[PDB]
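Mind looking over this structure? Questions follow.
The complex appears here without one of its protein chains, the remainder shown in place.
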Amino acid sequence: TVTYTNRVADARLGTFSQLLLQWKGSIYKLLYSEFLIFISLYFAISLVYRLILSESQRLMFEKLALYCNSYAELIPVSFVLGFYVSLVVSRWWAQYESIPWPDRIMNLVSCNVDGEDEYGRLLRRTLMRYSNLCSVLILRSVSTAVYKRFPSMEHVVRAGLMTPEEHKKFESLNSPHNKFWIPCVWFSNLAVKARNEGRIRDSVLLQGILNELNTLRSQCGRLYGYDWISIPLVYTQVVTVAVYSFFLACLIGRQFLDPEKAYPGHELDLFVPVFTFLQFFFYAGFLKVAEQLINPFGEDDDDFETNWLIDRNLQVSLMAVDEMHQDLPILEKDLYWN
Amino acid sequence: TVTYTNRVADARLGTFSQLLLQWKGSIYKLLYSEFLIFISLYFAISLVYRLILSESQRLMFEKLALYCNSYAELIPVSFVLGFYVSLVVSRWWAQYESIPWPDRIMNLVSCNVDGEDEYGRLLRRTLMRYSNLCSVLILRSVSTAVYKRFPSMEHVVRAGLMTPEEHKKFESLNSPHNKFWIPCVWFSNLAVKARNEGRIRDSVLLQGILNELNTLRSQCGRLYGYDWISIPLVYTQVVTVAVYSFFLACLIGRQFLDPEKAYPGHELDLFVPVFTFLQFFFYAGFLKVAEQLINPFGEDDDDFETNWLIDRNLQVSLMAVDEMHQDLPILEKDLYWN
Amino acid sequence: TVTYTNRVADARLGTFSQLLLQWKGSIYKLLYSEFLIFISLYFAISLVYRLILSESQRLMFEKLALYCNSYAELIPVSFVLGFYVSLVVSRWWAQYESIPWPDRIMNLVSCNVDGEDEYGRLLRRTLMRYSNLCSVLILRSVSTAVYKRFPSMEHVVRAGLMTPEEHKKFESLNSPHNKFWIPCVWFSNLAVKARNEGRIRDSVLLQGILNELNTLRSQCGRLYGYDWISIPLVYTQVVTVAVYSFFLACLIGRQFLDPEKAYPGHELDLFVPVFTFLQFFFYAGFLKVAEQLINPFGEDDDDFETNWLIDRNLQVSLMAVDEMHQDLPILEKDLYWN
Amino acid sequence: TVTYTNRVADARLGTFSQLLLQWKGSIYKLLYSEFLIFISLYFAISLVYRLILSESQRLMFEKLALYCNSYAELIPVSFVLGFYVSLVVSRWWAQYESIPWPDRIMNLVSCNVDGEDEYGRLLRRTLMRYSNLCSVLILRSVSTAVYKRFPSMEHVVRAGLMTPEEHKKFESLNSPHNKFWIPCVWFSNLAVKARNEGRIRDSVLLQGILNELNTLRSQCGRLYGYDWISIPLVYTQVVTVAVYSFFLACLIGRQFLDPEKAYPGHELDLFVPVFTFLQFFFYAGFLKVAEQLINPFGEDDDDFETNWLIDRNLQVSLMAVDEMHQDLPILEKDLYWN
Partner (left out) sequence: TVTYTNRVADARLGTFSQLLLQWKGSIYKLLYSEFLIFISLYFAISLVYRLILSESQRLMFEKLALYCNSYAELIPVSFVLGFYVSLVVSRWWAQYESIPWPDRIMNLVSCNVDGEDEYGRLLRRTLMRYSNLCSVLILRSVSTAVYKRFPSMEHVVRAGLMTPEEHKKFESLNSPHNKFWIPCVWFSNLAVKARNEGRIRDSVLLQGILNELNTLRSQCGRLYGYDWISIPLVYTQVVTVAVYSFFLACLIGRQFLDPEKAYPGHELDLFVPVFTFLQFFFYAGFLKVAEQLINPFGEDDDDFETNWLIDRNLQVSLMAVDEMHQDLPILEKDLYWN
């Protein structure tokens, strides 16, 4: 993502005017190919009308340019595109909230799984590695940025997310479906094995760990839902005809006609339609935003930084359950005491 | 469903343009019958006006075509259809989230119901088979795709979802209503029977299993609500008059009139109304999407794959509580240790 | 309600066209009285203009018909009605979800309240009868269909929902307010009395029963909120002026004027305004839907079937805690065993 | 509030027509002062134009009346007011749901805090009086109807909500902020003192009481949020200019001009603009609803009855924990037994 929240904290004059000079994650990078096609297709039809057509054939073009100008308003562009951008944005923030974070499990494994010896130290690191693995295996199913980092399961073993003894157990489990649910079952069987050896004290503390596992399992199930149940293809096909047929009609209808013929409306020749090129900037602008946010786990400039977030969650989890288990600072009287 | 999320991860040029060449789950398959009726009804009236009507009778058609062109805008098509598509889409994603998943019960039965012998192995499989049966019995009430797979309760016994001793107990329970709540009561009575025999250790662990049963019972109750409390029939009848009466008026009003009579607006004859056939493509396009998504448990190309999801949930549940009970991989020091 | 979900599972041709031939719960039953008043008021003014007014007085009517046609568009009908139908529909589904269901309490009372003797059998039936009574007493406050079934509290005793010893205790409790909260306090005092006699085993199992009581108490509190805090009367009065003053102006403005006077727009006489009668069908159509759904607990054809649902909840509750307490089917090896 | 839900249960003919004859809580009471100013300002300008201006000065008024009629449509009244009424209504129902109800705490204190002697009777009444006091102290901060009933804290002691020994402890606690959180801390310290004396049996039953305290603490925190974080003043100032500048332009632009001058549009003189006075009825109608619902805790006719609800919650709470502690009706076989 491109974060600019620190720049728009106040509102003085050029609050948004300094943001339209930025290239990365901008409207100017998204529309740059579709704009130059629309400019070149416009100026081709303009130069053919002004140089190539004969006098008996220019008048045939003038009748089509007035027909296509009057009846292109029958294409309900704002109705069709306005409904579609509401679907993409409603699903956009709902998929950020479905990204699992280890920090609620991390608080409970760091304190309730006892032991400063090398076995309880191994037992807390394996729990938080199973919680991170249950999240990597769903992100490499829903994100093309995570999948290009981990193309095969051998790449997951090389990153330290999975030991080689766990890869043999992960392949011997024969299932034709997606196996992202495997480490979330290894977690709950290891947390019960930890209790039966005396590492977790009570069953109220065990069930509190198992409740945060199922919360993270529900987070992974939502990411599986938004990847599998797409926006309906019948909606995507309607909105790409509504935008493209509207500006296909604007290549004919928005031509500057001959002022000597004195048509109503076409009384001035300027050679560049500024208000048509602006109207392409907004109608095809919102279509290109919807193309970007329909899958926010790709490799756009403003998609979600999921390769970053895997690196954060692995380092923070194994820091809080290993280096921060009973390492507390000394209890001290603060500034306000009596 | 037709999933295309992997194809629209980035936004380069033809992000949505490559999706309008696909036939399965498309707008071209839905509108194919209504479009050819509207084309043929249009060209019939056009050829009757141009070949059959006399000169004193064409002028009567010209007056009706101008009346029906001016006052067909009194039909509030975008207001009526825009409200209706908001209802169908708001209920659409809310019914996907009501589909029950076994995976939260599956995590707790796989670890808390003890025993590696043949009785505790039988006890965990029967719990997860009652959770899957409490979901099949509501899906064959709300889905016509599941009902055509399981037309009678004898088909459920042949699929292994119900033993023949449970079908006798399911028929002896005399109730005139829907019996989808029966296996969710058998679950809670078997989980308490499991605790009283020592298989479940504490009552905190029993109540954690019973809380995930009632969460899955609330999921089945939402699917019962959306099937029984439909979108009101008075809304469905208004929107199918608003779309059909609008394009019934466009069979007369959008005719190409005689250019020799020099009417305002009808100065060009093209024999094919491109902007009327496009306007049918969007207004009757959104009506056909709403016809598809009003019951997303049918047999459309973009309805929910519920026969697939029953086969997934049965195989994954009986895998995690039978083959994955205490089968953990060996605890190993990972890549980051010291 | 009128359920048609089984008929619109697929979308072939006449998916919604077969639904506009149905009378029960239709737009044709709601608008039948307001339409015939609007037709008869229109044709009265039309026949008075064509037969009764003199030539010097018809020209006074022609000036008012052109004034009322041009400036009736100042009435913001779609803005006022479009906001109001959003309020009625947003509250409509939120009141279905507030209807309490016994099935989460029913799962926990059927398993955790022990005893096969006649006292534990009496103790489970009294708990589930207090949960159903705490729901009947709020439905007969919010529904006129339940109130006409149970006009007095003596009718509740005759239906078996309340024993005569409980009616004496229900009247001796002196409170000037609504007493729907009485059986939800009798539930929690009987569940603690059940634990202190050894019928409920632990306090974790007691608190799980008491948590589902307070969830059902929160359901009854939402039904009390939507009945008491109505849609504001100032909104209901504005929308019934916006629809009725608009079509009061259409009785004058949509008259067919004299074609011999050659007014702009009134060049054709057809004696029946098809696009005005259609415009009454949608603007007064959505007003009549909002009149139906503003209280979905009445006796309309598409209001909620609450007398049915009380009969379901009483039979299902006393079936699962009496006939299904420890009556489990025999544990059997299923089809997939080895 | 003005409740009319019992009157609109069905939809026959005059479902909403009988509601426009009611004065209390109506649009006719809200707009009565702004309407008579707008009528009198209109008829003053009309009588000055028809009686006072000279013939060379009436023509200057005719040019301004045509300028102000054409360009008053540049004021986006429906866009500005339609966004603002969505904010007021979205916050309106969310503040009713934030009003705390004692009935979930009331169910648990009435059963789990043991003792029929005068000390356990005193202990249950003090808990439910602290829960009601933690709600009165936030309602007299957010409601002007509760504050005029309890202007000082001495008025709270006179109503029985606070004993005089608790007022000394409430003043000795020195805090410069709002002290609505004080009785919610006294509750949790008294519930633990009740457990340490043996009145509450287990810690699972103690934590269930403390969880419903924090739910009621979260309800009071939401009422503190909506009172402190208002709708932004920049929104309130824009919408009161958009409505008032629009009808300031309608005092000039909607005048009936001279028919002898034959302006386009002003061909009929009627002396009363019915469609301008109706347009004031809806645009300034929705502004006056938003003025009423922006603080629903005031003293309007359709604000929330919070003085009523305090009197209900105090009587119902002290009834269920004192007169209904172990007072159960006799267990009896119901109508359906064998």
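What to note about this one:
Residue numbering begins at 1 within each chain, and the chains themselves are lettered A, B, C and D in the order written.
As a convention for this text, contacts are C-beta pairs under 8 Å (C-beta built on N, C-alpha and C of every residue); 3 or more make two chains touch, one makes a residue touch a chain.
Within the whole complex, the absent chain has one touching residue among D:169, D:261 or D:333, and that is D:169. The omitted chain makes contact with just one of the residues A:158, A:168 or A:312: A:312. Summary of contacts with the chain left out: across A:115, A:120, A:208 or A:221, the touching residue is A:208. Only one of D:17, D:203 or D:326 touches the chain withheld from this view, namely D:203. When you scan D:17, D:40, D:57 or D:245 for touch with the missing chain, the hit is D:245.
Contact between chain D and the absent chain runs through residues 30, 33-34, 63-64, 66-67, 70-72, 74-76, 79-80, 83, 87, 122-123, 125-126, 129, 142-144, 159-160, 163-166, 168-169, 173, 175-177, 181-182, 184-186, 188-193, 203-204, 206-207, 210-211, 213-214, 217-218, 221, 225, 227-230, 232-242, 244-245, 249, 287-288, 291-292, 294-295, 297-300, 303, 318.
Chain A residues in contact with the hidden partner, per the touch definition given at the top, are 1-6, 8-13, 15-17, 19-20, 22, 25-28, 30, 78, 82, 85, 89, 93, 96-97, 101, 103-104, 106-108, 110-112, 201-202, 204-205, 208, 212, 265, 267-268, 270, 275-276, 278-279, 281-283, 285-286, 288-289, 292-293, 302, 304, 312, 315-316, 319-320, 323-336.
Methods note: only the chains that are shown with their structure count from here on.
Separating the CA-averaged centres of chain B and chain C is a span of 24 Å. One inter-chain figure worth recording: chain A and chain C are separated by 39 Å, centre to centre, where each centre is the mean of the chain's CA atoms.
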